[PDB]
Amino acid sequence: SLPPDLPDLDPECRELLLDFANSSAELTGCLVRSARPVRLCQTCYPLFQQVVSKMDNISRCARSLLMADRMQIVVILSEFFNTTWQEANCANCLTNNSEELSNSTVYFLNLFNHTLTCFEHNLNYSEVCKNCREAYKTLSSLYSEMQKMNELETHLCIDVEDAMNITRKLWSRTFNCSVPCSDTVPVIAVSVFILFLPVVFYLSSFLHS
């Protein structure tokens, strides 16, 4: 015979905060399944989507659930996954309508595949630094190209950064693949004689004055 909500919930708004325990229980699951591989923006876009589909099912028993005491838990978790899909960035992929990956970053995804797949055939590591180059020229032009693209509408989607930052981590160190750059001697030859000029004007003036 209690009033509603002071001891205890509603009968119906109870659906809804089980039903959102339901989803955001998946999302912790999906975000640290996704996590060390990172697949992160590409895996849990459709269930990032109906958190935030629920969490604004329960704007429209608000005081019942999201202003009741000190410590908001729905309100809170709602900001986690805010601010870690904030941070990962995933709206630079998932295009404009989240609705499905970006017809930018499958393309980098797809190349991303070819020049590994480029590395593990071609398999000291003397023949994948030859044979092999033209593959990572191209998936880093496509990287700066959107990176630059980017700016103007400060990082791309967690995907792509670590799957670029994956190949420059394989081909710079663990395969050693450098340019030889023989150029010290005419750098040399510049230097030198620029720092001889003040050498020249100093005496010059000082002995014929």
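Residue numbers count along the first chain shown, from 1. We call the rigid core whatever largest set of C-alpha positions still superposes within 1.5 Å between the two forms. Compared with the form deposited in another entry:
Among the residues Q72, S98, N82, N110, the single one whose Cα moves by at least 2 Å between these two forms, once the core is superposed, is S98.
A25 is not among the residues whose C-alpha shifts by 2 Å or more between these two forms once the rigid core is aligned; its shift stays under 2 Å.
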Contents of the next structure:
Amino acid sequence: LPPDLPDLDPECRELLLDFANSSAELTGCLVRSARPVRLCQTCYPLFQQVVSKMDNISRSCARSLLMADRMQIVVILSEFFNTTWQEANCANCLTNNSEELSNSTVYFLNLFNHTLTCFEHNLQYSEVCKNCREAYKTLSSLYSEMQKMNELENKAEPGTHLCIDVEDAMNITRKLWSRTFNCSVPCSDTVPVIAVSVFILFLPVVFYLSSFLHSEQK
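Next up, the form deposited in another entry, please; the one we just looked at was the form deposited in one PDB entry.
Chain alone follows, minus partners and molecules.
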């Protein structure tokens, strides 16, 4: 029988098996890094391996592996892995296989680890709020730097997200600071707001009544 239809080619079986264990490893690493999200900072080597192994297949086995069937496992699985990378925006915080993005990401994760070191020994949620308050603001200021940088260095679209483990690290500590520790203290200027608002809202009452009364008098 021809070594294409009923069975795999000798050089196509190994290529498919090589891509098989690479895709299995990436999928296992994706789940283990789902919570807390350490996706782009842990799965970046395995994702590159999968993409490279896709290229070797799609170079002498492309016909027998890529579009040989109605359902294309290798195409959809690699497309799914690509979509996961793009949606996670792991291109950010990864400058051509480099861990950082102009050292911004390692600095953020170093700051995030430093910031989270406060929230452990400052409990025994009172002493955390004022002791290293600037540590949270230092991290929070840096995060806003990347948002504007992401619209200048990258310039994809206003509102584009950064790489997910950076974005998740902000939310881990934002919810750990303004929600569990209640260290957020807005001033809540209320009585002057009420006095000013009722004064402005009372102006149309004067204007319409005075206009009506003045016309009636004359």
